[PDB]
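J.: Construct the complete structure from the given sequences, taking the supplied hints into account.
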Amino acid sequence: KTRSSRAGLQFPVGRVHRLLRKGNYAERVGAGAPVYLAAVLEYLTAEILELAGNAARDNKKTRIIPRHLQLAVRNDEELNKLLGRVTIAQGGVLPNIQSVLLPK
Amino acid sequence: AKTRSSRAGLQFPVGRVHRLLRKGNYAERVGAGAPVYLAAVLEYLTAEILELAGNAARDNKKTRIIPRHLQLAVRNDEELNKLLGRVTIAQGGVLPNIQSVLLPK
Amino acid sequence: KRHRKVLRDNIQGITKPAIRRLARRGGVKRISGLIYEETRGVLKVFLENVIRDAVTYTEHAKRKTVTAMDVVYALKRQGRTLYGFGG
Amino acid sequence: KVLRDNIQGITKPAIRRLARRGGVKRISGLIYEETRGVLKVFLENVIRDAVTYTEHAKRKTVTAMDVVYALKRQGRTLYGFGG
Amino acid sequence: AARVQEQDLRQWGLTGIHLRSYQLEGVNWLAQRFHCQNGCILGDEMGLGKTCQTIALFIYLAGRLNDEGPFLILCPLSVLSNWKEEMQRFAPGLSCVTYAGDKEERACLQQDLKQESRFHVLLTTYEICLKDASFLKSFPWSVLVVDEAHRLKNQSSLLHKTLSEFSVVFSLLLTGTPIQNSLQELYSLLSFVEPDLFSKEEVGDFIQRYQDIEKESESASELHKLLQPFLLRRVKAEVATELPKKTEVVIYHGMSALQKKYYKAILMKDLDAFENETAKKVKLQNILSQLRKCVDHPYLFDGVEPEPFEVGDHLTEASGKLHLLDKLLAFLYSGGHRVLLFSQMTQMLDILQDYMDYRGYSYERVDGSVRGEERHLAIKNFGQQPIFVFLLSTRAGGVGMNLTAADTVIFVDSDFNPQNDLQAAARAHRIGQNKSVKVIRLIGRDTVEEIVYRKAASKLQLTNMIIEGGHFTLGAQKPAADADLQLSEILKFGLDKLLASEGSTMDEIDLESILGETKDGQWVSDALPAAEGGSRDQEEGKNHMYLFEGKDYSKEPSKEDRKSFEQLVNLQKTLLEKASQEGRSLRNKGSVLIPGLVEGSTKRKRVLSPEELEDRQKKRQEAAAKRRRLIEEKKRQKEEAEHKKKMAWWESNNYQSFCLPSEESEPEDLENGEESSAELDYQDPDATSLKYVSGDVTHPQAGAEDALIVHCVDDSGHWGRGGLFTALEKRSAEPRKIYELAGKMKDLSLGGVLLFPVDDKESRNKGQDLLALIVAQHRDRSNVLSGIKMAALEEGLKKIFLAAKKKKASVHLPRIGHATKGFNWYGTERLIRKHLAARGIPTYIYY
Amino acid sequence: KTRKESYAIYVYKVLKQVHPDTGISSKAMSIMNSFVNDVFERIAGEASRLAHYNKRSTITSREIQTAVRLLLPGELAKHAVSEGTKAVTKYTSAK
Amino acid sequence: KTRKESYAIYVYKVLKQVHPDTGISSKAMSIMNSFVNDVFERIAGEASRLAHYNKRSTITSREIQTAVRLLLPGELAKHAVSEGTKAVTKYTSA
Amino acid sequence: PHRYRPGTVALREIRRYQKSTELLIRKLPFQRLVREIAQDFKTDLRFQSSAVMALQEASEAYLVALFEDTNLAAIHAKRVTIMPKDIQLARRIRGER
Amino acid sequence: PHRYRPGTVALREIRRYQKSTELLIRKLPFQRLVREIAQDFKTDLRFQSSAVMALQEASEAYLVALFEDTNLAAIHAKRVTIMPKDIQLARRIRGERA
DNA sequence: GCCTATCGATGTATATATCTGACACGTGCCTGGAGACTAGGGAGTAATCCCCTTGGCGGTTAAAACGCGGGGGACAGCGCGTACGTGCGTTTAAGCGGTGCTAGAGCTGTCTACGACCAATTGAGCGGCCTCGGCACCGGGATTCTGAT
DNA sequence: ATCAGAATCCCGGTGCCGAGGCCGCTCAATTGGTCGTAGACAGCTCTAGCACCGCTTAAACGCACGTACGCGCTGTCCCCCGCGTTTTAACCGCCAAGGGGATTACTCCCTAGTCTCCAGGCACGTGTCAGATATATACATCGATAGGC
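Residue numbers (the authors' numbering), protein chains in the order written: chain C, 15 to 118; chain G, 14 to 118; chain B, 16 to 102; chain F, 20 to 102; chain K, 28 to 874; chain D, 28 to 122; chain H, 28 to 121; chain A, 38 to 134; chain E, 38 to 135.
No lab work stands behind these hints: they were computed from the structure. Worth double-checking, as some hints may not be accurate.
[Unchecked claim] Simulated crosslink set (SDA-like; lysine to any residue; CA at most 20 Å straight-line):
| # | chain 1 | residue 1 | chain 2 | residue 2 |
| --- | --- | --- | --- | --- |
| 1 | D | 117 | K | 674 |
| 2 | D | 31 | C | 37 |
| 3 | K | 834 | K | 696 |
| 4 | K | 816 | K | 747 |
| 5 | H | 113 | G | 91 |
| 6 | F | 31 | E | 99 |
| 7 | D | 31 | E | 99 |
| 8 | K | 832 | K | 845 |
T.: Written out as structure tokens, the structure is:
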């Protein structure tokens with residue numbers, strides 16, 4: 015019965031719709047618009063999450079942690095592009111040393 | 014007088030501002046004092062900038078203000094240069110400036 | 016002989032002197048010869064992103080004519096707002 | 020009940036660890052004061068806005084949301100806080 | 028020798044022409060009557076090449092009878108050029124000298140002809156013959172030729188008398204109208220032709236005896252038996268063919284797999300137009316353009332040419348039409364034929380040029396962009412140079428051009444208006460064409476062109492048949508709703524054949540079997556091939572003007588093709604459905620993505636019931652009419668206010684108007700009673716014709732009557748320096764002052780004429796001189812002047828007729844452009860003559 | 028006693044889609060929740076601005092598609108767009 | 028024929044106040060108008076966010092002031108805040 | 038004969054263009070370049086001249102600012118001659134890739 | 038007599054601090070620093086602990102990014118010892134030192 | 001190796017020169033700002049629980065504090081010799097100037113499908129809590145690195 | 001050079017409280033009805049961007065070596081690091097005030113929405129004079145001059 019179910023979403027159609035109304039974005043909002051957006055947000059997140067899952071697995075951990083998130087973001091060039099000024103708590107930094115500084 | 018701007022002693026249009034704010038969906042309701050305060054602030058900044066522009070044109074021995082004067086005025090107000098740090102002005106040019114390493118001896 | 020002739024790419028029309036002239040306004044006294052192609056590359060990438068965005072606005076607007084405000088929107092979105100052509 | 024000088028608490032070793040994470044191999048002794056100066060300017064602006072938000076919120080206590088908003092206004096962002 | 032052999036005439040020097048069944052019979056009749064020593068009249072209708080036949084008669088006289096001349100030819104100046112040209116091209120062995128021009132030119136020619144007395148044929152006009160009859164009489168004449176001898180319809184004519192005063196043995200009179208509704212013309216000609224057999228006095232008996240031949244078959248037979256030796260006349264198309272009979276061909280071509288690729292892709296891309304009945308108009312129209320491009324050439328689509336863009340056969344391989352055309356052109360080139368190519372898309376002409384370059388063929392191109400002078404150069408080049416192909420945009424070529432040098436015409440794609448194609452056809456298959464012309468329309472078998480043509484052809488042939496037959500059975504203008512259905516039917520056609528063969532169906536066709544016989548690189552004008560009759564029970568099967576290769580157009584998409592379309596739509600839906608039905612797809616997995624929003628692109632909605640459509644049509648009509656009427660009235664009120672400004676502006680400057688108001692609304696009361704041709708008896712051609720005199724335009728040679736000098740000016744009022752303008756200032760300085768005043772005072776309006784006297788410094792001994800300046804040009808900062816407003820010249824001459832008759836003053840005009848070689852004088856001259864000289868007003872032209 | 032909703036459950040649901048067997052720390056859940064909500068604001072802001080530029084009262088899929096294309100950098104949007112439109116198709120197909 | 032509007036007359040009237048006997052080019056006027064609209068959007072956008080942060084339905088001068096405090100440079104803000112306050116206290120006497 | 042020494046005229050040019058308010062790129066070449074690039078995005082696009090004009094203004098401003106930063110980098114590197122390595126470093130610090 | 042040569046263990050330190058993810062700043066000194074700067078805008082403020090943590094996180098990320106740009110600028114000058122002159126160029130080019 | 005001049009060359013700011021469209025101003029009109037009248041729920045209204053931060057203790061430790069010693073980089077010097085500055089001429093084509101053309105932007109009108117508002121209602125998920133083991137963490141396993149061989 | 005000998009992982013086994021899962025009640029997501037405007041969608045009208053030719057003259061192409069910069073290699077020498085060695089108060093565990101944030105519930109004014117209207121702002125309108133272009137300096141630095149000391 016739920017519109018989310020009707021949409022095949024994980025995401026909450028009614029809640030998303032409510033957010034769109036209260037955000038004062040426009041005078042009127044179509045019923046499919048939240049569907050598209052929710053789907054997109056849902057999409058994006060999981061794409062991140064697989065990569066995040068890959069990092070935790072590579073790190074021999076069963077639970078994903080912020081460190082995995084930092085590494086994953088920078089490694090999707092587009093995630094880094096989209097998130098160029100976003101910092102992750104306990105994210106740390108990418109391992110990298112300049113060849114000029116390396117030993118003879 | 015009828016106009017709220019004259020009541021505030023302003024030149025800028027408070028009624029237009031209130032209308033624009035209402036139409037801009039910034040909030041569900043807009044109090045009558047916010048347009049007044051904003052009109053005064055915009056008017057102030059306008060006067061501040063126009064004074065610098067007027068000085069630049071006058072200094073340039075000219076009666077008409079042009080974008081060149083605006084660029085000169087803006088960058089020389091160090092605060093405007095930061096406020097407008099990535100804003101570009103058409104026909105503004107740049108400030109004459111040459112590094113000492115490049116200067117002759 | 017006149018029906019068709021091969022011609023140099025328009026980017027080279029941003030001639031070596033055009034680049035030199037720009038650098039001189041930038042206060043550059045001496046310039047290495049590798050910079051002409053380097054500048055062309057940077058400029059092309061910059062333009063590519065701007066035009067693509069503009070095209071996006073216009074097509075959403077369902078127009079066929081590209082508009083200066085579309086450029087304004089692109090510039091503002093990219094954080095390089097230009098004053099002098101509209102509002 | 021008044022605070023001073025703990026910027027030097029971001030001592031040479033504090034700065035050295037940060038520089039090593041930054042990949043720095045040698046650190047000039049002049050870098051320590053340069054860093055403390057730049058850091059203070061950065062912090063001042065963030066805190067200034069956070070305070071502005073706190074004041075707008077009519078609060079006496081500074082919250083993580085004020086920090087988040089300050090960063091966001093500065094075009095910076097830190098996930099994992101507030102929300 | 029068999030009809031004094033055509034070879035004997037050619038051996039005697041006849042070059043460049045075939046004495047057609049009609050021309051050969053005429054020359055032999057002339058030759059036979061010469062053996063009988065009876066003079067002759069060639070009464071054949073205009074265009075049968077009477078010129079050619081007469082030239083062959085001189086060839087017969089010089090070659091068989093050794094009559095060395097001299098021979099005299101009297102002809103109209105418009106044909107005198109033709110006579111000279113035919114003599115030079117077809118009879119180079121007989122020296123033909125032209126006695127034409129002005130009194131100074133004629134004085135030189137009289138000296139030259141007395142110095143170089145070795146001409147066989149002398150060409151002169153009727154007016155010069157009358158003026159210099161005494162000069163023409165000095166030469167001992169053998170045979171006299173009169174072209175369009177109707178000039179002799181009156182024995183009292185000075186021409187008839189002076190020629191009767193010439194020493195004549197044998198006469199040949201050529202006339203397109205041996206009887207202009209009076210037997211006196213025929214008898215006057217006959218008495219001139221053979222005065223010994225036809226005395227000058229038997230005019231009354233000839234008229235009276237033969238006037239009722241329409242009623243008397245007996246008199247018809249008697250007059251012809253008497254005329255058989257003296258008058259030859261024949262009727263058209265049966266023997267007297269005059270225009271080479273036109274041949275019409277439809278060409279069927281296959282398509283390449285690449286074309287098929289795009290066909291499938293284009294059609295599949297926009298299935299929604301078939302679903303939304305109301306969105307069909309714009310969408311199908313766009314699609315149709317793309318389909319046309321595909322049939323023409325896939326490279327008409329961006330990125331379809333494989334990079335690098337190298338010239339090669341892959342072009343012909345890409346289009347079955349081009350593939351066929353290439354092979355066809357090779358044949359035509361080997362056949363020495365000349366081809367005109369018409370297409371609506373200039374874009375293909377570009378590719379075609381590229382192709383000509385590839386094959387190295389000689390070609391010219393004229394489309395709507397080739398400017399007039401450039402266009403003259405292209406035509407000139409084609410006429411002089413061995414250019415094989417002419418690339419033409421279908422809309423640009425129909426206007427005035429002459430391309431009779433070509434024998435082959437190809438339509439790549441047809442126009443919306445069949446009148447345009449017919450208008451273009453008149454450019455090459457034009458009067459004067461001596462080769463049989465072949466007309467080609469290109470169609471891909473079972474392709475969109477065939478379907479479009481089936482219905483378009485029904486409309487087009489009906490329209491073309493309607494234009495010559497005059498019974499306008501124009502296929503009714505079906506509203507766009509039905510044109511959308513028509514387009515869906517077209518789109519539902521041939522689908523089985525088109526898609527079931529994804530490979531190229533580009534069949535090699537033996538062109539000659541379809542094209543018919545080629546003789547000396549000429550198309551044999553065989554009537555459209557009716558599949559030949561094998562007699563056993565008569566079965567009627569339309570080998571009429573709409574059937575080519577026996578194939579009948581106008582017939583609908585097979586029902587199966589229609590079914591396959593609908594099936595394909597659902598099949599495409601299934602692909603979309605499956606992709607959307609299928610689970611979540613990730614990028615590291617590199618899944619297939621669906622393109623943008625479906626309703627992103629727009630869908631048109633339900634049709635308001637036919638009743639509601641009718642009501643909205645009315646509403647649309649009513650709303651437009653109501654607003655139009657109200658708006659137009661309010662717009663007029665603006666014009667009224669502007670008029671107030673105009674009057675106030677003139678009034679504020681204390682200026683008096685010298686411009687005559689635009690008199691284009693007065694009935695020309697020139698005795699109201701059927702405007703039938705006032706028969707100008709042939710007495711002194713100088714009295715009603717414009718008299719040209721060399722001299723200064725500013726001093727009219729008018730005796731005692733008032734004189735009206737006419738000149739054209741711009742609306743600036745700024746007086747010119749040099750040339751004729753200096754002559755005007757020499758006679759008076761006031762024309763300058765009035766012109767400067769009128770220009771500054773806004774008195775110069777297009778077609779306005781300034782009238783003021785010219786007697787200020789030098790006045791005639793009798794009569795008043797008036798100068799009329801016509802406001803015909805405006806010059807903007809771009810300095811572009813329009814031809815002295817052609818419209819203003821007509822209005823000015825109308826005013827001059829009314830003013831000159833009203834004042835009964837003589838009119839004096841300069842010969843505009845006399846010093847500019849190739850200047851179009853005729854338009855000005857005929858306006859002057861029609862409005863003044865033909866109306867009895869004395870007109871003098873100064874050069 | 029106070030009530031506070033969040034999107035974590037879908038995150039977890041999604042987690043099990045990408046990695047049915049994988050688990051996640053609270054800190055990571057908080058980060059992603061913040062991330063989702065932030066991007067929602069980005070997209071909605073652009074759709075709003077675009078509608079204003081077009082003086083349009085209603086936000087629709089048109090706006091979603093195009094705002095998305097601007098924000099999700101280049102191709103990143105393509106991927107999202109394909110699923111986004113699909114879901115809408117599903118929703119509108121259903122009733 | 029379609030009616031437009033801009034800040035041009037206000038800019039020009041202010042110009043004659045700060046500098047009599049001087050004019051301004053149309054290009055410069057366009058820039059001024061453009062700048063005014065930009066700043067307006069900056070202020071209104073943050074004020075909207077602030078209102079949401081506080082769940083307020085109604086925007087007031089307090090939000091405007093706060094946005095100005097955040098947006099403007101360290102001293103320019105002092106003058107602007109003074110003028111805005113001055114205008115409100117003057118108007119409210121009506 | 039006469040010749041100015043290396044850098045003397047360069048200094049004049051710097052002062053001339055910095056004193057000037059004029060555009061430095063030829064309009065028609067820039068215009069064609071944009072339209073050719075437009076072929077890369079769509080088969081059919083019309084353009085306002087003012088839009089192209091704005092694009093040139095923004096492009097020149099962007100590059101000039103870059104040239105200033107590049108010049109600083111060369112000076113920091115004890116050079117007078119700018120090199121691609123400087124441009125790359127500048128953009129890198131500006132967070133441009 | 039074994040000693041690692043200058044800069045060799047410094048590389049090991051780089052590897053250490055790049056592999057670790059924990060904060061490198063002394064927490065209480067940073068907390069005092071937060072309170073100290075805030076003291077300039079208002080007296081007797083109260084601070085959420087998480088606000089201080091967020092501030093510390095943001096500061097570290099900011100400084101580390103600066104150290105990287107500084108490192109590159111020194112390397113561009115063919116040096117390996119970072120100096121304020123590098124910081125000054127970097128901040129100017131970033132436009133922070135507008 | 002200057003250093004004080006020096007012409008005069010090429011150029012630059014200045015004089016007074018003239019020329020014009022872009023700068024001014026208003027006209028005629030409107031359209032939307034104001035001056036009304038009006039309701040009700042949003043922001044302020046205040047009281048309150050009970051929490052979060054600040055206050056507060058000392059311990060135990062890692063950590064920072066302070067120095068020597070040094071070899072390598074930081075730092076400058078130098079000659080190499082290319083390549084980038086300059087002024088020459090050659091040639092292209094960018095500019096200022098037109099023309100013709102119609103695509104497509106632009107407004108208007110009518111009304112309907114799409115969504116707005118209102119409502120009943122069910123159940124998704126909601127706060128508060130409990131259970132289990134991935135992880136931290138510790139001691140202490142092995143491995144592999146540097147500069148000393 | 002190869003190896004010793006600093007110092008890096010790998011590993012087992014432990015034990016903590018966080019992550020995942022449980023239910024709960026509320027309030028709102030989905031279910032159910034009416035209106036209405038927007039947009040859309042279709043129409044008609046007219047504009048400006050576009051395709052084309054055209055002359056012109058300035059620009060860039062293309063010329064060359066001279067020049068001086070940036071180069072690679074030179075040497076200098078003392079500073080950040082390596083490690084020791086000293087000494088810190090941070091971190092950490094424990095308790096515990098109460099300032100304050102967030103919770104509760106409530107009132108009245110403010111702004112929104114109401115209708116009628118008129119006057120400030122504009123688009124069209126027309127003109128004019130400051131700035132643009134003349135033109136030829138007067139007058140400054142640079143080039144080599146070019147000396148003398």
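J.: Please go over all the hints and tell whether each is borne out by the structure.
T.: We went through each hint and held it up to the structure:
1. D:117 x K:674: violated (73 Å)
2. D:31 x C:37: holds (18 Å)
3. K:834 x K:696: holds (16 Å)
4. K:816 x K:747: Roughly 18 Å between the alpha carbons, so the hint for residue 816 of chain K and residue 747 of chain K holds.
5. H:113 x G:91: violated (26 Å)
6. F:31 x E:99: Given pair residue 31 of chain F, residue 99 of chain E holds - Cα atoms ~17 Å apart, limit 20 Å.
7. D:31 x E:99: Violated - the C-alpha atoms of residue 99 of chain E and residue 31 of chain D are around 32 Å apart, more than 20 Å.
8. K:832 x K:845: Distance of about 27 Å is beyond 20 Å: violated.
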